[PDB]
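Asks: Take the sequences, apply the hints, and build the full model.
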Amino acid sequence: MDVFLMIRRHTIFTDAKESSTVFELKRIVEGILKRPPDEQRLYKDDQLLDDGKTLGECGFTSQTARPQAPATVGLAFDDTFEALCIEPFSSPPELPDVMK
Amino acid sequence: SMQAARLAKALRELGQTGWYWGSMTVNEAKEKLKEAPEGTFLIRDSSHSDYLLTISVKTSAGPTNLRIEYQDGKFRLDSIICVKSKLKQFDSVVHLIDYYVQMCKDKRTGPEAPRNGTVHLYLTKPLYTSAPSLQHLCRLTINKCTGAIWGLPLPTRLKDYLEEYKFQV
Amino acid sequence: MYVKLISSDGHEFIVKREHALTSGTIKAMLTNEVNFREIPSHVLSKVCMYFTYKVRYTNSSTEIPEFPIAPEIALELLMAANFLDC
Ligand SMILES: Cc1cc(CNC(=O)[C@H](Cc2ccc(OP(=O)(O)O)cc2)NC(=O)Cc2ccc(F)cc2)ccc1F
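Protein chains in written order, with PDB author numbering: chain B, 1 to 10, 13 to 79, 82 to 104; chain A, 30 to 198; chain C, 17 to 46, 57 to 112.
The set of hints was computed from the structure by calculation and includes no laboratory data.
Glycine residues also receive a C-beta, built at the ideal position from the N, C-alpha and C atoms.
It is possible that some hints are incorrect.
Claimed, not checked - Each pair of labels, with its calculated beta carbon distance range:
no.	chain 1	residue 1	chain 2	residue 2	range
1	A	51	C	17	34 to 44 Å
2	C	88	B	59	49 to 59 Å
3	A	52	C	85	10 to 20 Å
4	B	64	A	142	34 to 44 Å
To be verified - Here are some chain C residues the structure puts well away from chain A; computed CB gaps all over 10 Å:
no.	residue
5	24
6	30
7	33
8	43
9	73
Replies: Here it is, written out as structure tokens:
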């Protein structure tokens, strides 16, 4: 049922239903980001998604995207759509040798 | 006294575990543990006049219950299952737990019962009442890495928080 | 309803305002944005992950799973969790 994700752009925390459509996701980004769904594109892994399918039909499960380990998703916003660019987070420093 | 102080200290860390269930019944325990994987455990108050706390743990046969004994400032598993010399004593009931948990983690004990009579307690992961503090979820994580917290690149105040709960479960 | 949280390397995070109020230090301060200038991004992302893990599993109805914390960021995120009071 519930499936917890992370929309990341150049990151949004949210939960969704396994039966929710991919178009239903573009409506949630419209609320906060204030951009129309027609000006939106999603990219699970490196693959675009049809707005008619659901999250499960695109490979999202409550076992894969738990709240403690949420599977993340990407977004690409003039004339043409932009490219999907997501910047990783900082690198955790080296382990102190005692904790190694 | 030394007993009275160490006693209240034992319950105070028991409140920090997040897997202490206070006033709970066996039937409430049997239900909350009916679906958990083998090895899941919890600690609750005991319904016997001579016992305070009791371990409720899931096995392949279903949930079962073991009582914890207190005698002259020492915690140990119920002495009616084995000779007392084979039942290690402790100060904090949490240290008792962490010891029997870490033994199974070290594969010094398995889910099958020994045939030479010694105590057999299979414990894996605890069952939490509520999601603990993120702070506490590192105190656990850090303790699974090292027991020399005072040799860490930490502020002294943070280390004193670690020293209050030194266990790995 | 939503809040934006900024890290040291500038990474922006948008979570439910209820998810952010589990942290006590954030609750006192509530524009609808907060800049954390000591907490790097790799730590800032996990605290929000703890926020969901806290809201979803405040009830014991569902079996609470363990929160996975890698030992490398444990030192840092303990200091951050003490900052945010969560
Ligand atoms: C793990 C382990 C177990 C044993 C022997 N254990 C028992 O035979 C206990 C006795 C007991 C009963 C209540 C109790 O709770 P309380 O009295 O409130 O403390 C404490 C102990 N019987 C049961 O479990 C049967 C049962 C099961 C589910 C229920 F829903 C109700 C009852 C020896 C070694 C060992 F390694």
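Asks: If a hint holds in the structure, say so; if it doesn't, say that too.
Replies: Hint check:
Separated by about 36 Å at the C-beta atoms, residue 51 of chain A and residue 17 of chain C satisfy the suggested range of 34 to 44 Å. For the pair residue 88 of chain C and residue 59 of chain B, the beta carbons lie near 25 Å from each other, so the given range of 49 to 59 Å is not met. Range check, residue 52 of chain A to residue 85 of chain C: about 18 Å between beta-carbon atoms, so the 10 to 20 Å window is met. Here the CB-CB span from residue 64 of chain B to residue 142 of chain A is close to 36 Å, well matched to the stated 34 to 44 Å.
The non-interface label for residue 24 of chain C is consistent with chain A: the shortest C-beta to C-beta separation is roughly 18 Å, beyond 10 Å. For residue 30 of chain C, the shortest C-beta to C-beta distance to chain A comes to about 20 Å, beyond the 10 Å cut-off, and the non-interface label holds. Under the 10 Å C-beta cut-off, the non-interface status given to residue 33 of chain C relative to chain A holds; the minimum distance is some 18 Å. Listed as outside the interface, residue 43 of chain C is consistent with that label: its C-beta sits roughly 15 Å from the nearest C-beta of chain A, beyond the 10 Å cut-off.
Not every CB of chain A is more than 10 Å from the CB of residue 73 of chain C (nearest about 7 Å), against its label as outside the interface.
Hints 2, 9, counting from the list given before, are not met by this structure.
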